[PDB]
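Just one protein chain is left out here, and the rest sit where they should.
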Amino acid sequence: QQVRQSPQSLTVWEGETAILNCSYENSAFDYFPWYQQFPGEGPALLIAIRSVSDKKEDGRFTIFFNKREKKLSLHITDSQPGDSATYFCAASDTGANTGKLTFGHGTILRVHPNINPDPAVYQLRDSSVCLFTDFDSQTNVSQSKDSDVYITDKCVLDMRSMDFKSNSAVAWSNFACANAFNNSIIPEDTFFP
Amino acid sequence: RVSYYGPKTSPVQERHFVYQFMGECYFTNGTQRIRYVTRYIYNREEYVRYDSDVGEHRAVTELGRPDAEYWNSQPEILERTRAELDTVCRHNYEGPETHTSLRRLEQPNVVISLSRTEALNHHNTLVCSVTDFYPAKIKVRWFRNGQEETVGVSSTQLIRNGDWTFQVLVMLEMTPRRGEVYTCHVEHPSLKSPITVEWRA
Amino acid sequence: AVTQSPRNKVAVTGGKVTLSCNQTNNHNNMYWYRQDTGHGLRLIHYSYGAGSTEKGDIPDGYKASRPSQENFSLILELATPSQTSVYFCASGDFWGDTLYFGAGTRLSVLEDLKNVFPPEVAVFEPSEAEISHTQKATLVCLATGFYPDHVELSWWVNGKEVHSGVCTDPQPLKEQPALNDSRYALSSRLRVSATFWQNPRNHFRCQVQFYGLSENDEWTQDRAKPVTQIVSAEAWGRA
Partner (left out) sequence: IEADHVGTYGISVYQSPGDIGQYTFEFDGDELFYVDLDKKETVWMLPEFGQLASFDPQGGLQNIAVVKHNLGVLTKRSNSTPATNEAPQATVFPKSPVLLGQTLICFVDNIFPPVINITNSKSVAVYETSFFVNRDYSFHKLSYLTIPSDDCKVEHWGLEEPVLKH
């Protein structure tokens, strides 16, 4: 009956191959649509396969279907960051003339924008806030264990005219910036004015 | 369990109005020849049909030309109905029907009965009744002192009880001479050896 | 397409809540899911056509209604906090092989209207270091102390909405991640060519669409009632 998608979320660098998986119990199943959902939005059909075929290839995406072991695999190649979504895997026994679609729980995708980047930390004027920018995406951020320090997860900027992919995270409290990410693993050659 | 899949009614674009659909599957030699036929009925008039032997929706009336010329365009509808010969007919015969109807076997209950009260040496009529059997192949032969009697024998037609059991009554015009042994001899595909039930004079 | 209605709602426990869906696809089948983390998409009610409704896997608490071929509708007769979620509406054709979804509705069932607080929005001006080591200028936005997480954040340079160079965080953050009524903050980012920023004729705007109570709600507290509203913070250029 149930449909199980692994892994509950996946992170991939720009250009690498996303590999999303799914396994259904009920062998009656013969239609397998995959729905892609973008934040703030309803989900919409990405790509479907039927059990007769072993692969539908649609440019960048390819479904691999295994009737024997009852296993799926969605491949995204040369993945751009606009593919960072949640992907759901559905199945229905169409002969059942049900209407109902059986939805797997979904893998959540993070496409790491590939980026000579000078990691820095600045302080900003209240009109205070610490700003750790231009970090290579390889580093992972972590909000302090000590509370009242509001360090947010990383973020990707792309200034259209002049290239430019850039990572950024903002700390603030109510308290000085040279400590803000001490509870985090920073590059050994960062910049602290 | 196993899978009873119905066909997918393709759709159209004081009084009473009646509409009816059905998907008929005509099997011969198991699945060695399947014929699939799909019929649409408005008010006791079949107006559209998909007959597998054709392979296309043909109109049975003027009301049918629109829906037939329509459904023949979009193959998402045709090729689905065309392949219902396997997804419905073949699948259903080789699947649930084997585990059910093509597997039902119930042996007959056979009872002789003398309709007018016995008056030896006076003519009377014996009634071999045969009740509650499936499938419907059955043969009921009468014997008067071990010799097949076809003369003065009248069986009913087959009687559909509608609860997956039939019925047949077989009459013998006869006359009790003492010591005679009538036997009702019943042959059925649910019987390892034929049934014989006797009535002594 | 499929427009659900409203796309943000805040309502109390024990009061009736009626989502609504309109579908312009000449479709016949309609569906009402709800999305929750860890339990994904789950079907609640559906409908083959005008007049019939069928019970999905989770019909408890909600009654459906299909009075139109275009209109499905949910009904939370007695609301419960456990019902708070992102609801979704879809539709499809008979034997159709595609589900056409709506955009979303964010529903917050609350015990107390007390905890609905609009956002406090503040704009931090770029460090001159960043301007003399990269020749870029990152403004940063802070919307704070707002409940529930029904917000949307926009920038506005010189009166026009910008995206080129913008970032807003993925989900907000709880200021005290241990109170069930914890208020949220969300941090964004605008980066601009340094020389475009040292022009004091440009101005940079941070706008926040907050979805809160409604002109048909009762307010029993000293402070201002948290109507659905628009809260902003602006900055200008420098030397």
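Read from first to last, the chains carry the letters A, B and C; within each, the first residue is number 1.
Note that a contact is a pair of C-beta atoms (placed from the backbone, for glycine too) under 8 Å apart; a residue touches a chain by one contact, two chains touch by 3 or more.
Chemist: Using the touch definition given at the top, which of the shown chains does the missing chain touch?
Modeler: Touch partners of the hidden chain, whole complex considered, are A, B, C.
Chemist: Which of B:9, B:107 or B:175 sits in contact with the chain that's absent?
Modeler: Going through B:9, B:107 or B:175 one by one, B:9 is the residue touching the chain not shown.
Chemist: Which of these touches the unseen chain: B:73, B:154 or B:161?
Modeler: Reading the full complex, the residue touching the unseen chain is B:161.
Chemist: What residue numbers in chain A mark contact with the hidden partner chain?
Modeler: 96-100
Chemist: List every residue of chain C that touches the chain not included in the displayed model.
Modeler: Chain C touches the chain not shown through residues 28, 48-49, 51-52, 54, 94-95.
Chemist: Tell me where the left-out chain touches chain B, residue by residue.
Modeler: Against the left-out chain, chain B lists 1-29, 35, 37, 40-47, 63, 66, 88-89, 92-93, 96-97, 99-102, 104, 109, 111, 113, 129, 131-132, 135, 159-165, 167.
Note that only the chains that are shown with their structure count from here on.
Chemist: Residues of chain A touching 2+ other chains?
Modeler: 97, in rising order.
Chemist: Could you tell me which residues belong to chain C and also touch two or more other chains?
Modeler: Residues 95.
Chemist: Can you name the residues of chain C that touch chain A in the complex?
Modeler: 2, 29, 38-43, 46, 48, 54, 56, 88, 90, 95, 97-104, 122-127, 129-130, 133-134, 136, 138, 140, 142, 152, 164-170, 173, 175-176, 185, 187, 189, 191-193, 235
Chemist: Hey, which residues of chain A end up touching chain B in the complex?
Modeler: Interface residues on chain A, with respect to chain B: 28, 93, 95-97.
Chemist: Within the complex, which stretch of chain B touches chain A?
Modeler: Result: residues 3, 5-6, 8, 87-88, 91 of chain B touch chain A.
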